[PDB]
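Residues per chain are reported as follows:
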Amino acid sequence: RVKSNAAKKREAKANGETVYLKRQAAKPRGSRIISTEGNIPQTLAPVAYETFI
Amino acid sequence: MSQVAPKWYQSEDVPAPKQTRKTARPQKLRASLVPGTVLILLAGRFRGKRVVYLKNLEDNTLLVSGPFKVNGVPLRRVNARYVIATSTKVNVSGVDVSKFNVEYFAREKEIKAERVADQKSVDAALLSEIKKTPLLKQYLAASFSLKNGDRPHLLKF
Amino acid sequence: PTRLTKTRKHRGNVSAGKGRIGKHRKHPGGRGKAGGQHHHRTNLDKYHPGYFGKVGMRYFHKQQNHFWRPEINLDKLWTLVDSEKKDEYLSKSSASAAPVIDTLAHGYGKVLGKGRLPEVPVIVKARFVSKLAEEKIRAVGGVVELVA
Amino acid sequence: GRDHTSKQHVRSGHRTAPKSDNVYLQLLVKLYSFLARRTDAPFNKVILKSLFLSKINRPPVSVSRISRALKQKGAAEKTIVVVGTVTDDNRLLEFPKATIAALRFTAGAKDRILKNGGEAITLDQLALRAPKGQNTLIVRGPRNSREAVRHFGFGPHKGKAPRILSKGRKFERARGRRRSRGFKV
Amino acid sequence: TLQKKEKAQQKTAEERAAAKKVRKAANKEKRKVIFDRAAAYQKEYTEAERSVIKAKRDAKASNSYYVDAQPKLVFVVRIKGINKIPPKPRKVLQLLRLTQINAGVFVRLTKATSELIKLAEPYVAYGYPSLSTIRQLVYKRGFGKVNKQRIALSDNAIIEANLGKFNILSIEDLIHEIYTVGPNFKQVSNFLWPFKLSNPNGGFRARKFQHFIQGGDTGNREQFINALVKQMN
Amino acid sequence: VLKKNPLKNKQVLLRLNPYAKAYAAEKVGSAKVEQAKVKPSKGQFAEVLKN
Amino acid sequence: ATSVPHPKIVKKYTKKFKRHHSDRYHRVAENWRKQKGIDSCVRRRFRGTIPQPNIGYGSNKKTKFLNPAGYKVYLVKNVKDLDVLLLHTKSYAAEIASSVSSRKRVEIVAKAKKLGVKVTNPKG
RNA sequence: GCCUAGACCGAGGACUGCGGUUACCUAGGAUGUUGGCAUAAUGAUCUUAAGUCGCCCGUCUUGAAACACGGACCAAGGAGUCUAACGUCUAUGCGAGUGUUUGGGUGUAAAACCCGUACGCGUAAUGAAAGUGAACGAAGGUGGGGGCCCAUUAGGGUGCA
RNA sequence: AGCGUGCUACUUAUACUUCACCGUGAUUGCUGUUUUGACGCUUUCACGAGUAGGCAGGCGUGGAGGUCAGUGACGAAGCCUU
Ligand SMILES: [Mg+2]
Ligand SMILES: [Mg+2]
Ligand SMILES: [Mg+2]
Ligand SMILES: [Mg+2]
Ligand SMILES: [Mg+2]
Ligand SMILES: [Mg+2]
Ligand SMILES: [Mg+2]
Ligand SMILES: [Mg+2]
Ligand SMILES: [Mg+2]
Ligand SMILES: [Mg+2]
Ligand SMILES: [Mg+2]
Ligand SMILES: [Mg+2]
Ligand SMILES: [Mg+2]
Ligand SMILES: [Mg+2]
Ligand SMILES: [Mg+2]
Ligand SMILES: [Mg+2]
Ligand SMILES: [Mg+2]
Ligand SMILES: [Mg+2]
Ligand SMILES: [Mg+2]
Ligand SMILES: [Mg+2]
Ligand SMILES: [Mg+2]
Ligand SMILES: [Mg+2]
Ligand SMILES: [Mg+2]
Ligand SMILES: [Mg+2]
Ligand SMILES: [Mg+2]
Ligand SMILES: [Mg+2]
Ligand SMILES: [Mg+2]
Ligand SMILES: [Mg+2]
Ligand SMILES: [Mg+2]
Ligand SMILES: [Mg+2]
Ligand SMILES: [Mg+2]
Ligand SMILES: [Mg+2]
Ligand SMILES: [Mg+2]
Ligand SMILES: [Mg+2]
Ligand SMILES: [Mg+2]
Ligand SMILES: [Mg+2]
Ligand SMILES: [Mg+2]
Ligand SMILES: [Mg+2]
Ligand SMILES: [Mg+2]
Ligand SMILES: [Mg+2]
Ligand SMILES: [Mg+2]
Ligand SMILES: [Mg+2]
Ligand SMILES: [Mg+2]
Ligand SMILES: [Mg+2]
Ligand SMILES: [Mg+2]
Ligand SMILES: [Mg+2]
Ligand SMILES: [Mg+2]
Ligand SMILES: [Mg+2]
Ligand SMILES: [Mg+2]
Ligand SMILES: [Mg+2]
Ligand SMILES: [Mg+2]
Ligand SMILES: [Mg+2]
Ligand SMILES: [Mg+2]
Ligand SMILES: [Mg+2]
Ligand SMILES: [Mg+2]
Ligand SMILES: [Mg+2]
Ligand SMILES: [Mg+2]
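Protein chains in written order, with the entry's author numbering: chain 2, 108 to 160; chain n, 1 to 108, 128 to 176; chain AB, 2 to 149; chain y, 2 to 186; chain o, 9 to 241; chain l, 313 to 363; chain AF, 2 to 125.
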């Protein structure tokens, strides 16, 4: 990670731009759209009790 | 108490008060308080008396007359919080109340000739307008009291 | 003064700062140096090692006057020169005429060699000198004269 | 109620005034309380704190320490500041011309500074020729050279000095100080 | 001395009047800046709301499902007293600056802070605060940590003097930085003294110390944190 | 010496937020949204009613 | 308030703090003593027990030491003792010592009236 | 956005600040007015009644109101002291020295004042002892280090403890 | 007015919010206006349980040096007393 930060910093320095090297914890996910072509929702219900012995 | 002498740094000068920003604003009266409204007095000598409201003085008080002939309540001031404002109204547009103010009721038994003359002059117009409504003079001449089973939170006035 | 002691502040509190369970008994643990090998070993071993046992040989009738030999180092040797004439001696001293410092007459038995001398000849009279003390005196052009 | 993350009602643990009731030391505190409060110079804030210190926290500064501090490169004409007593050193071979401001001077110290062309001034005289401590150099004496420190942190294999009244072969040298007598610590 | 002190007071009054004239003239521009900033914040709030609404409607129309972006901010209120807390949740509550009952703090949701709040979960009620809730909190009970002292946020100069290096010049800049979790959320939320709320007007549920899901008060209530804060602030 | 609530004191509200005046002037608290009368759920979203 | 103006005087506790069981036993005087016992109901602050002195009852620093008339009271034993109250006649009142004779007490009252000093015990 | 009912509070005490309306303000803490009282309305205490709560203190104890122990009552007396030698800390005097008080001088006579040789401790340690006995160097190098010097964010120099 | 369960309102701890006052700790500033208190004045914030025990600041007693040219037979000390 030290090498990667050094490589990324010089590359941003080479391109004259900035790069952020601090690690981040996992963030909450963004918005998204769920396609339903081939994936129409299937309805589930709780199942009755059975004995299998 | 003890033997502790005052020190030189214990000053006796009284500081001035800070500049107050409590600029007074005019009194708001209840919507039911309209000149000519019949009022019920709740405290004082004339408690229970039904009287006519005439003018809002600059002292935040109400100018009131009985009329004196019907009630025995003369021209005087009352406080708005010691008054029940009923819904009965008398046309007082024909009553001249220009000369009445705070300085009229200034403290100096007997009674001024001016005050007696004003009583008669006001009561003439007041009686003239009162006669139009039947039983209004009788209503004004009768005292108010709470009967058994009277709930002031349920009664309309 | 008694008015400053904590005995005056403990008045009114039952146990006088001694505890309600432990109390202030006569001599718990013994008197004096009792139990130094059994229940006070942890104290003597930690803070006073070497306490128990014999080391070395005895010396019947030891007279400490025999071993009297106060030490003076070289950095303090010129303090025995007269204060009113020290600066003159520091200037006019040569091989032909150097100040005499009688160390025994000032109460010293041995001259030791800590520190540095002025590069100035001196005549030092001593009962004893160290090897390095005499080497430093000769280097500044001085000499050591043994006395008794 | 509060879940306290630190101890409540805790004094700073630093002296804010001298323990001494000497009125003349108070005058010096009077002067440097004003200077530290108003000059933004870090020198004046250090001096005010040093005036509070106890006797063992202001060890004497020998005239040899001042000589060695003046022998730093570019420090030969600096003003030596000692918040405490300046003592003499009869082991010096020579002393330079210097200006030294101290709480106290010994007779030998005052003689030696003035003999070599220097000045021995007080700390109030310092505040007029150097109200911000310009071109100064604070010298502190050895704190760990005290005799009481010899016995601090004593223990097995600690190498400190035992608290003992007499010294000799019969005094705390046998068991625990020698492998021939059991163990050695 | 009467005329001496009157002359000095009138002279210093004139100097103060001139300096205040100049100061107000200079500050007018700064107030225009913060006015523009607040207007822009309102505009972007409205634009984002309408954009999300439109995206939901379009996904509904186009046989799809718009999944909302996960919340980036949470408001955590300690609703439990200070007695009988195990060392690890006690340390977690101390590090969240929740050292009394009814203390509130803003937390930016990631993984480290989420696992922190999970450790303190049986002792706190938390949720996702709305913009009006943040505004009301900061306006009524907003305090700053100035030289380790709790100072009321009664003037924008205090906020500027403490957060201008983070581009916070107004109380609305601070509210925006909290709400839309900004690059300086850490400094702005740590500058904010923990909110010291009252008890709810209307009470809690019959038994607080059980999860919001099971009919209690602890855990994540999400949009009902706004009603709870309305009760308690 | 005495904290005043900007949600109660209008002068303090204008002192802290100068944009509140425009908010009041523009009736931002009751601003209408202009849009068409549409219903985009007529199709597959009726999977909510039954399945 | 005929003295230098002061805030309204507040006394947090107006009764006497009486030592526990100074009512049960004659040997126990009413002078306050703090209970130090391990089981003491008063030291443990049980509900229904007597109030105890603590720093919370301390007087307002602006009304502390002021008598009901608004003055701080200074003890006077002779006529020369009134000299320290010359510039404090509106904030300090004089109280004549009990052991001053009936002759010298008349002189103190006479000079105090001349100087404007108020006397808290003017009759005895 | 608007209207409306009630309760508690009024700390501060010339001015200083931020805003608003554009001089004034509701904007860094209550003012205005009226009535009554000053032989008193008001406040405090004591006694007592009522309501509510309140078990006997001290002690040893994990646990005492305990069916654990002392205590019928009262007054007076009544228990961490002084000394020899010491540790830490602090104040003071002098300082590589320090300590006049064993003694001598002196005296207004157990005081105060004055005097000095020795001696104690310190200034050298280590070894069982015979014995030996502290500068390679600017009294050492390295990394920090308050303060000081040169600068000009930064940077450099010097750097006591 | 029991049991299981849901709901609306309501009751009140020395707990929470705001405020007054006390103390502790910190803190802002205070000498050409420091000005007969700088061991002092002042701004601000937070906090306050406690046996054994520690420390600090105070109350009281016998006697001593100094001082009040202090009280007192025209009434000291002591004692009784809403
Ligand atoms: Mg970068
Ligand atoms: Mg009739
Ligand atoms: Mg105590
Ligand atoms: Mg104690
Ligand atoms: Mg105790
Ligand atoms: Mg006892
Ligand atoms: Mg005790
Ligand atoms: Mg003890
Ligand atoms: Mg006992
Ligand atoms: Mg014990
Ligand atoms: Mg054994
Ligand atoms: Mg001998
Ligand atoms: Mg030897
Ligand atoms: Mg040593
Ligand atoms: Mg936080
Ligand atoms: Mg309610
Ligand atoms: Mg409820
Ligand atoms: Mg609820
Ligand atoms: Mg409940
Ligand atoms: Mg319940
Ligand atoms: Mg509320
Ligand atoms: Mg009292
Ligand atoms: Mg009392
Ligand atoms: Mg009361
Ligand atoms: Mg009794
Ligand atoms: Mg117990
Ligand atoms: Mg008597
Ligand atoms: Mg006031
Ligand atoms: Mg004009
Ligand atoms: Mg205002
Ligand atoms: Mg009971
Ligand atoms: Mg027992
Ligand atoms: Mg036992
Ligand atoms: Mg038992
Ligand atoms: Mg018991
Ligand atoms: Mg039993
Ligand atoms: Mg027993
Ligand atoms: Mg028995
Ligand atoms: Mg027994
Ligand atoms: Mg018994
Ligand atoms: Mg018995
Ligand atoms: Mg003598
Ligand atoms: Mg004699
Ligand atoms: Mg000697
Ligand atoms: Mg029941
Ligand atoms: Mg139920
Ligand atoms: Mg039920
Ligand atoms: Mg409910
Ligand atoms: Mg109060
Ligand atoms: Mg201070
Ligand atoms: Mg003072
Ligand atoms: Mg508390
Ligand atoms: Mg306490
Ligand atoms: Mg005494
Ligand atoms: Mg005695
Ligand atoms: Mg005496
Ligand atoms: Mg009696």
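Just so you know, the hints here were simulated from the structure itself, not pulled from any lab data.
Errors might be hidden in some of the hints.
DSS-like cross-link-like pairs, simulated, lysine-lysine; straight-line CA separation at most 30 Å [unchecked claim]: (1) 339 (chain l) x 194 (chain o); (2) 37 (chain AF) x 63 (chain AF); (3) 139 (chain n) x 150 (chain n); (4) 35 (chain AF) x 19 (chain AB).
request  = Quickly compare the C-alpha distance for residue 339 (chain l) and residue 194 (chain o) to 30 Å and report which way the hint goes.
outcome  = violated (34 Å)
task = Below or equal to 30 Å on CA atoms is what counts here, so check residue 37 (chain AF) against residue 63 (chain AF).
result = violated (34 Å)
query = CA of residue 139 (chain n) to CA of residue 150 (chain n), is that 30 Å or under?
reply = Answer holds: residue 139 (chain n) to residue 150 (chain n) is near 16 Å, not above 30 Å.
Distance restraint between residue 35 (chain AF) and residue 19 (chain AB), which requires alpha-carbon spacing of 30 Å or less = Given that 30 Å is the threshold and the Cα spacing comes to 19 Å, the pair holds.
The earlier numbered hints that this structure contradicts are 1 and 2.
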